[PDB]
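Asks: Below, each chain spelled out in residue letters.
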Amino acid sequence: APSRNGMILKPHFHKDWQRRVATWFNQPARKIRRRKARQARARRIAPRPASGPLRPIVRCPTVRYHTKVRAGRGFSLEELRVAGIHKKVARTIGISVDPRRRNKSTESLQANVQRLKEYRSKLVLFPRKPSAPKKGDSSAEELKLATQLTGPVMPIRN
Amino acid sequence: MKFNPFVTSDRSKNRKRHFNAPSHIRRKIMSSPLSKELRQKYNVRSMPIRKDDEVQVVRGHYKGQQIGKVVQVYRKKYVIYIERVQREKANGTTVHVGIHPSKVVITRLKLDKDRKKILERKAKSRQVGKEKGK
Amino acid sequence: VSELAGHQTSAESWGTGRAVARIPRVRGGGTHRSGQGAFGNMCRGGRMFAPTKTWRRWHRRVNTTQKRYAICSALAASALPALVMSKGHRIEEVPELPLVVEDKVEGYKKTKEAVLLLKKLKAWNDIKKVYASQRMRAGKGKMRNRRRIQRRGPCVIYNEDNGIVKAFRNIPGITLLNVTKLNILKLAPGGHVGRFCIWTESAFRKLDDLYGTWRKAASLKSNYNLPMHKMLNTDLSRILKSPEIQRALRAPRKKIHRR
RNA sequence: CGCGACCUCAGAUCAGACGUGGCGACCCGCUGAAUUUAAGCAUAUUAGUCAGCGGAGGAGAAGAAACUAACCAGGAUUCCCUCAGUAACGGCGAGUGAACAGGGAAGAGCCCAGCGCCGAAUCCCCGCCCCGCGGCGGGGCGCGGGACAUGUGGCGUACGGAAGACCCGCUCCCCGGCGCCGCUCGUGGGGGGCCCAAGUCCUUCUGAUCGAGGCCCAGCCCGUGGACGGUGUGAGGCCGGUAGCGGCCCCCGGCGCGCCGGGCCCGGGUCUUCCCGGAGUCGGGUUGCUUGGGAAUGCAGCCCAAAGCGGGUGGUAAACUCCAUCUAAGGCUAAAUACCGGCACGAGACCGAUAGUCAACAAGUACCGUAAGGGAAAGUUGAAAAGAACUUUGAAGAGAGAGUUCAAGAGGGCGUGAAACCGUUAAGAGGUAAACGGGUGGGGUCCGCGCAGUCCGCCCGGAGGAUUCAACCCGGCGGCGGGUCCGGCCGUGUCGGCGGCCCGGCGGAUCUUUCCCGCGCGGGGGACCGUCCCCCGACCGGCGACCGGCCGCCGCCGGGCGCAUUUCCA
RNA sequence: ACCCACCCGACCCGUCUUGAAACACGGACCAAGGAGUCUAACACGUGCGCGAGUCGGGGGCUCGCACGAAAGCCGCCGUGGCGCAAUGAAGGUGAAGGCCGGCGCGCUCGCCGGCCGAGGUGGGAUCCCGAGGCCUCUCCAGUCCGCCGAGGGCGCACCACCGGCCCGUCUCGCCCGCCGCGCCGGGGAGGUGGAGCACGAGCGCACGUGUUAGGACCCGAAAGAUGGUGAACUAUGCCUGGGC
RNA sequence: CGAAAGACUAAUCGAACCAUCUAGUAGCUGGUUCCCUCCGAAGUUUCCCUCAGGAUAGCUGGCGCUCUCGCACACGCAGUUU
RNA sequence: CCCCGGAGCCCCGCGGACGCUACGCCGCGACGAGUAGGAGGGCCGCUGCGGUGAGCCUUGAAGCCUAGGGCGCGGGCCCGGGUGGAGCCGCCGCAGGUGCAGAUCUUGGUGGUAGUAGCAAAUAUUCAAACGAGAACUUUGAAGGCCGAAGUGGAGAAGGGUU
RNA sequence: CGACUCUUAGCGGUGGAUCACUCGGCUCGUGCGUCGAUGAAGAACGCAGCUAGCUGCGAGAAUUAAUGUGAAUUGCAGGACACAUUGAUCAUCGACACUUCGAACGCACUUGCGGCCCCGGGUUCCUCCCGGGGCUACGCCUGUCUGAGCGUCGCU
Ligand SMILES: [Mg+2]
Ligand SMILES: [Mg+2]
Ligand SMILES: [Mg+2]
Ligand SMILES: [Mg+2]
Ligand SMILES: [Mg+2]
Ligand SMILES: [Mg+2]
Ligand SMILES: [Mg+2]
Ligand SMILES: [Mg+2]
Ligand SMILES: [Mg+2]
Ligand SMILES: [Mg+2]
Ligand SMILES: [Mg+2]
Ligand SMILES: [Mg+2]
Ligand SMILES: [Mg+2]
Ligand SMILES: [Mg+2]
Ligand SMILES: [Mg+2]
Ligand SMILES: [Mg+2]
Ligand SMILES: [Mg+2]
Ligand SMILES: [Mg+2]
Ligand SMILES: [Mg+2]
Ligand SMILES: [Mg+2]
Ligand SMILES: [Mg+2]
Ligand SMILES: [Mg+2]
Ligand SMILES: [Mg+2]
Ligand SMILES: [Mg+2]
Ligand SMILES: [Mg+2]
Ligand SMILES: [Mg+2]
Ligand SMILES: [Mg+2]
Ligand SMILES: [Mg+2]
Ligand SMILES: [Mg+2]
Ligand SMILES: [Mg+2]
Ligand SMILES: [Mg+2]
Ligand SMILES: [Mg+2]
Ligand SMILES: [Mg+2]
Ligand SMILES: [Mg+2]
Ligand SMILES: [Mg+2]
Ligand SMILES: [Mg+2]
Ligand SMILES: [Mg+2]
Ligand SMILES: [Mg+2]
Ligand SMILES: [Mg+2]
Ligand SMILES: [Mg+2]
Ligand SMILES: [Mg+2]
Ligand SMILES: [Mg+2]
Ligand SMILES: [Mg+2]
Ligand SMILES: [Mg+2]
Ligand SMILES: [Mg+2]
Ligand SMILES: [Mg+2]
Ligand SMILES: [Mg+2]
Ligand SMILES: [Mg+2]
Ligand SMILES: [Mg+2]
Ligand SMILES: [Mg+2]
Ligand SMILES: [Mg+2]
Ligand SMILES: [Mg+2]
Ligand SMILES: [Mg+2]
Ligand SMILES: [Mg+2]
Ligand SMILES: [Mg+2]
Ligand SMILES: [Mg+2]
Ligand SMILES: [Mg+2]
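Protein chains in written order, with the deposited numbering: chain L, 2 to 159; chain Y, 1 to 134; chain C, 54 to 312.
These are calculated hints, taken from the structure and not from any lab test. For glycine and all other residues, C-beta sits at the position ideal for the given N, C-alpha and C. One thing to keep in mind: the hints can contain errors.
What the hints assert, rightly or not - Once the Cα atoms are required to be at most 25 Å apart in a straight line, the calculated DMTMM-like pairs of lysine to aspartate or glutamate come out as:
(1) Y:134 - C:145
(2) Y:134 - C:159
(3) C:165 - Y:131
(4) Y:2 - C:214
(5) L:37 - C:145
(6) C:219 - Y:52
(7) Y:134 - C:166
(8) Y:16 - Y:37
(9) Y:2 - Y:52
(10) C:106 - L:17
(11) L:16 - C:56
(12) C:239 - C:145
(13) Y:2 - C:213
(14) L:37 - C:213
(15) C:193 - Y:10
(16) Y:2 - C:159
Stated by the list, open to error - Pairwise CB distance ranges, derived in the manner of DEER restraints:
(17) Y:1 - C:94: 52 to 58 Å
(18) Y:10 - L:121: 54 to 60 Å
(19) Y:10 - C:94: 40 to 46 Å
(20) L:23 - Y:129: 50 to 56 Å
(21) C:150 - Y:58: 46 to 52 Å
(22) C:150 - L:143: 55 to 61 Å
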């Protein structure tokens, strides 16, 4: 029964909720586990960025977010076509590619081509064998860095 | 402290480990120090006590400077019986009184081949550590 | 306490009319446990009233500035010999109270060195008093791996472990902190404010970079400064018998007019 | 009335394979209540919840848009935070209740049918040889069988694809083995084994010490080891361990190099000519369940039942109309995620034997019930069994002595041993049941005395003894306080240096792209402003923030002062 | 404080009840056990930190965690929450006024320059000014220090009242605007609905009380539902035997 | 199942027994654990499928705040009376 | 018409308690019933945690018992003696499965009732001996009785499970 | 004084509270994440020199082998062993073994009845008889063999 003034309030504890309470005593143990697993994955992908692949710049949807810009899922095909990277290869050099992205405006396209161009400049493709063929960079830019890149690769700053 | 996160430091766990210990493991638990004399000679602190070592009792009632030969090792009872360490029961019969190995000192070892190789292994590890410390 | 604790029986009440007492009683059988008393918080067997749960709100989370304020407060009173002595630490013969030292002390790799240091600095008599305190705990925590108890010793704030934290380790009483990762649980143990510490010049320099002086930001904790003071002249005895104030007070009526 | 193809079907203890039951914490598919709430109750709620059935895996399920949106647009699934107790549902009552965006954890994408081209270019099983054989594989050779054109394999799947011509640039990827090299993060991966510091030092307590005092620096020695346990009490140093990028030995993994056996002649852009999509499905009607989904969110049965610039979606039914957005009716896929079952560990501000699991113990035991099922009680001699030899009374159980033990005022259900209740011993009482409150008395029990308790302490006066000094200077040390702020260090407010300003850094939506570097933007200079630091002078708060001299005062030590002083004692 | 005596007083507690010593219930005695908990949500109060902000989660970076599943830090420091703005069902709209001078006819209406800038009344702790005393060992002069202070002021918070502004709504009216002159858009006056504005008070953490949802202070139904076990008793049928 | 008594169905029958949903619900019985101190009620209101209960007023406590002046220098208020 | 490092002081403004844990200390008035209920303070009490007591403890901890000595209004507390034989407490903070006379409360134990009710269905026992520590009850012998072949006899079924 | 009753205390009983211990629980976390026709889980019955229960094992039955370890096991016996030797005793566990029911498999649940191949006694393949051994569940797939049909054809 209500007594003199207060929010006529509806709690949702009518089902058997104590049967499905989910505690968080994991979380520290979890946080570590992720972190180990993270450091392992770095070490496996030895000079490759820990991050992942490079990802496009992309505007959010809706009037609300609109003004901001994130990393997207992957670079469109037009953006790869214009940059001149064969889509099947782009995956092999650490360039995210989605193929479901349309491309409406040319301002978002040329920006994302520029991204890939810049990436290709500051990328150090190792040759397949220690014996060096084409494409593969010099042993100077190799000895001076077989270095991983900490954090997201070429980060987007709005 | 102990930092190894697979050891135990848990009364109940250590005691259970102890009392329900298997024979070969008890051998190690039932170890006893060498006399300073042997400590000098072999480069070994202590040794797993055995059926017919010569031994002094260091503490208790039977604490004394006599050197009694070991009689048997009752690993179930965590104890060793020693030559003249005994007590007359009600009806005259002598009964070998138990002494815990660690409250005893080995003056003379019973050296077999295996005991010889053990002492060679312990002395070598001791001198490796002194070389590492230096 | 376990969920099933107390309810693993199947027990119905013999209703009224049997004399007895309307409790659920164990059902059937030819044992002692039959027609007993199940479930009730009062019964043997039974079920504790409001069995304890795991999702009691164990952890407790504190505003970050407040945490810092405490840690500044503890530091500030690690000065002040009175507050250090009152917190028990035998700091009688120590040379200077915010005790800062050479930075070879990063070097040491052996307790030998670390103890010798503490004896020259006259901080050993705290460690000595730690040994003296080592005794058996009172009661049930004895049988739950809290069997021995003792004093807290000298804190030792270092800037970098170059070997130090190995050296001071077996010396009972000592806790080692990084400067860059200070902790109020250790600087104010018991929630009690004083505590004799021992600084390393590298670390003791770094404090102002960590906490920021009054006219400079932290420069290491993004957006932070010291907490400002509410009153500046703390010694009110210096205030109250000033010229300025005693000039302006009526003369103290102090006769005692008894009945 | 034969023999032979195939088709559809049988039978074999035919050859060789698989499936069956279990477990069930987590997971997938069905099925599905009612207590309950609504202060009654029927819709609602409880709840797609319990019980029921089915099937799994180390996870499962989901998943590469017939998606979101309506933006300047995002771009598989899962998970968290948020959205949000919101939009919505609801006897619009009780109550119930999502999604997108946004930020994270993770991150990975693919394959068919079809349409087409390629002598079925494909697959399975036989049998002979060489290797390899405890996850039946490679290579070769057989007019040795069969599957297959009612369609196997290569190319290829919407992100387009194929075939053609010339623009370009050049040719490592995989597996079956056989070796060999570096033992490859808790700082030598995983498993096993066996190892590694220092007191039983001196006294002393004790039944026994691991105690208490000491030991070239809180005492000796180690300390990368003062976790824990054990050992006749409380142990860094007695023992096991503990610490350590410590050691050795096994085995196994994982990755590096060499050789062999095979396979494998595997691109890209540019222009032309062709090629292109899953039907009793979508969709509609419907009835029933379901959903926040409301003129139908999703799933169903039944009836109708399609199209190809089609189809689906675009959260209010319909018609017209533009836009946007996917491409359904076939399939595979690690990861972040779950885990009251299992194996193996670690920990605790938990419980400490009526608690904590039913269960510390020969517990799912005994015991009960025809059966489904129900389900207890119960830990502790002692350091050591040293568990009471022997004598004696008794048929014996039981005693009495003796002995063991530090103790049996620890005697095998024995640590401690409360209360109820009982026996006795001592004291006291007693016809209104006892017991009680208040108030005295009497007696007991002990406790404090006194064999004067006249209790102490100051100061003084006296008479007796007693050693040395106060007072006084002198020499030394230490302390305080002071102003002349005297001299110098110290710091507050102000002014002067524009002096740190570039030899002072950060911050800024201040400016400049006259600059530099990298691609109009990023980074760095360069101006500018705000903030923080050097130089000296002046004024002032001269501040417990200190030094140095000088002064005054105090105290201590040492000198002197021998007795109208000086303490002591009675 | 043990016992005994005597005088006076004196019914057995718990509980429900207008009323219990009750011929009202519970209670032979002792031991141990035994009932307002925890989570979530709200509100108010209080304490602390920061303050037009605040915030910490969730995530991440720092360690093998001995103490650590802590502690620290983060252009994540703010995605986001709450807060800093309302009001309307909604499309939407959205908290300023005054004064002065000029120009439109000052038309209590429309447009252009200057100044002030959150209105005013009453009461308001408190500050501020202060005539004037009141003396000083003498007659006057006379700066310094108070004590009081009649009288007069600025007036916090808060309260009451009157003005004003914003949104909804009505009534009455007259003008402005332009890429689109329109069933376009904008304003004015006067009422009246709003959980509004009128120089901000919140955010986070902690404790307390209260109120709820949960087993929800502890014990208690008759019932309801799902899935299983029993016809060894007994009820009836049938088969095969026995008995009078 | 009943030659019918609601009989019998393992000492249980006007719906057996076992386990679970289940700690089912209870406006109703019962109980509800230490001391001192200070304040101290109500059984009346209106509404209720309300009359053995709630709601709402009332009566209680707690926390306060804002002012007042015995610091020779007071305004307001009342279970009165004039 | 002079200075307290000296007026000698009932007031002393030069410096200030024996007193001043300022959550302290002190003075004046007034008042004090209390269920339900509310609030405050508890150097009241229980168990565990961080601090802290150079705490206590085999030269005797906890518990237990006490016609011993005291304190407190009280919750309670402290000492003496006994018993016991290994751990335990004070202070400052934090935490809670924190205080019992009741619940026809739960589990265990113990009384009064009480040496009481009771050991009465179915006719029946007696003598001697043996064994034996011991005989109303065993065994043997003798006598007297009953079941009276629809049996208190002689054999099975089911059920028991070594009787 | 007498007995009895009441009260207090001493000592003794009864009883098992309290306190102190704890090879057990309860909770939180970590890693791994493995059963079965090659017979699972579960049940049964067995097995020790003296052993009933718990445990441990399977007719090789408180265990065999192997490897590691290096003198015990022990309630009492007895023994072994040369503990200068594959070597006691534990641990590991890779080889071996694993009675009967049970998905449970020749068919039945009596522990009853069988069939079919081979072997030893029995014969001198004489079938009997006895003993041993190996097969003999259902479903399903790929093949194989034998077939069936006024199913669709062809040739004769
Ligand atoms: Mg990432
Ligand atoms: Mg329990
Ligand atoms: Mg205790
Ligand atoms: Mg299965
Ligand atoms: Mg209802
Ligand atoms: Mg109800
Ligand atoms: Mg009803
Ligand atoms: Mg529902
Ligand atoms: Mg279920
Ligand atoms: Mg899957
Ligand atoms: Mg799909
Ligand atoms: Mg999405
Ligand atoms: Mg919200
Ligand atoms: Mg629902
Ligand atoms: Mg094809
Ligand atoms: Mg010990
Ligand atoms: Mg130790
Ligand atoms: Mg050692
Ligand atoms: Mg529904
Ligand atoms: Mg619409
Ligand atoms: Mg799938
Ligand atoms: Mg027990
Ligand atoms: Mg017990
Ligand atoms: Mg128990
Ligand atoms: Mg006990
Ligand atoms: Mg006992
Ligand atoms: Mg006990
Ligand atoms: Mg004793
Ligand atoms: Mg005893
Ligand atoms: Mg006893
Ligand atoms: Mg004991
Ligand atoms: Mg008497
Ligand atoms: Mg009533
Ligand atoms: Mg009545
Ligand atoms: Mg009464
Ligand atoms: Mg009456
Ligand atoms: Mg009643
Ligand atoms: Mg009664
Ligand atoms: Mg109790
Ligand atoms: Mg508040
Ligand atoms: Mg309220
Ligand atoms: Mg509640
Ligand atoms: Mg109930
Ligand atoms: Mg019903
Ligand atoms: Mg019924
Ligand atoms: Mg209840
Ligand atoms: Mg009622
Ligand atoms: Mg009051
Ligand atoms: Mg009172
Ligand atoms: Mg009360
Ligand atoms: Mg003991
Ligand atoms: Mg607790
Ligand atoms: Mg009681
Ligand atoms: Mg009688
Ligand atoms: Mg017979
Ligand atoms: Mg007595
Ligand atoms: Mg017991």
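Asks: Now look at each hint and say whether the structure bears it out.
Replies: Hint by hint, here is what the structure shows:
For the hint linking residue 134 of chain Y to residue 145 of chain C, the alpha-carbon distance of about 38 Å lies beyond 25 Å, and the restraint is violated. The suggested pairing of residue 134 of chain Y with residue 159 of chain C holds, with an alpha-carbon distance near 21 Å, which does not exceed 25 Å. Distance restraint check for residue 165 of chain C and residue 131 of chain Y: the Cα-Cα separation of roughly 19 Å lies within the 25 Å cut-off, and the hinted pair is therefore satisfied. For the hint pairing residue 2 of chain Y with residue 214 of chain C, the CA-to-CA distance comes to about 20 Å; that is within 25 Å, so the pair holds.
For the suggested pair residue 37 of chain L and residue 145 of chain C, the alpha carbons sit about 48 Å apart, so the restraint of at most 25 Å is broken. The straight-line distance between the Cα atoms of residue 219 of chain C and residue 52 of chain Y is roughly 44 Å, outside the 25 Å bound, and the hint therefore fails. The hinted pair formed by residue 134 of chain Y and residue 166 of chain C meets the criterion: a straight-line CA distance of about 16 Å does not exceed 25 Å. Between residue 16 of chain Y and residue 37 of chain Y the alpha-carbon distance is near 36 Å, which puts this suggested pair outside the 25 Å criterion.
This hinted pair does not check out: residue 2 of chain Y and residue 52 of chain Y have alpha carbons roughly 37 Å apart, beyond 25 Å. This hinted pair checks out: residue 106 of chain C and residue 17 of chain L have alpha carbons roughly 15 Å apart, not beyond 25 Å. Annotation: proposed proximity of residue 16 of chain L to residue 56 of chain C holds, straight-line Cα distance about 18 Å (limit 25 Å). A distance of roughly 22 Å separates the Cα atoms of residue 239 of chain C and residue 145 of chain C; the hinted pair therefore holds under the 25 Å criterion.
Pair hint residue 2 of chain Y plus residue 213 of chain C holds up; C-alpha atoms about 23 Å apart against a cutoff of 25 Å. The hinted pair formed by residue 37 of chain L and residue 213 of chain C meets the criterion: a straight-line CA distance of about 24 Å does not exceed 25 Å. In summary, the hint linking residue 193 of chain C to residue 10 of chain Y is supported, as the alpha carbons are separated by about 14 Å, within the 25 Å threshold. Among the hinted pairs, residue 2 of chain Y with residue 159 of chain C is consistent with the structure: their alpha-carbon atoms are about 23 Å apart, no more than 25 Å.
Our hint of 52 to 58 Å for residue 1 of chain Y and residue 94 of chain C is violated, since their Cβ atoms are close to 42 Å apart. Roughly 59 Å separates the CB atoms of residue 10 of chain Y and residue 121 of chain L, a value that falls within the hinted 54 to 60 Å. For the pair residue 10 of chain Y and residue 94 of chain C, the supplied restraint of 40 to 46 Å is violated, since their beta-carbon distance comes to about 32 Å. Distance hint check for residue 23 of chain L and residue 129 of chain Y: the Cβ-Cβ separation is about 51 Å, which falls inside the suggested range of 50 to 56 Å.
Against the hinted window of 46 to 52 Å, the Cβ-Cβ separation of residue 150 of chain C and residue 58 of chain Y comes to about 49 Å, which satisfies the hint. In this structure the supplied range 55 to 61 Å holds for residue 150 of chain C paired with residue 143 of chain L, their Cβ-Cβ distance being about 56 Å.
Checked against the numbered hints given earlier, the structure breaks hints 1, 5, 6, 8, 9, 17, 19 and satisfies all the rest.
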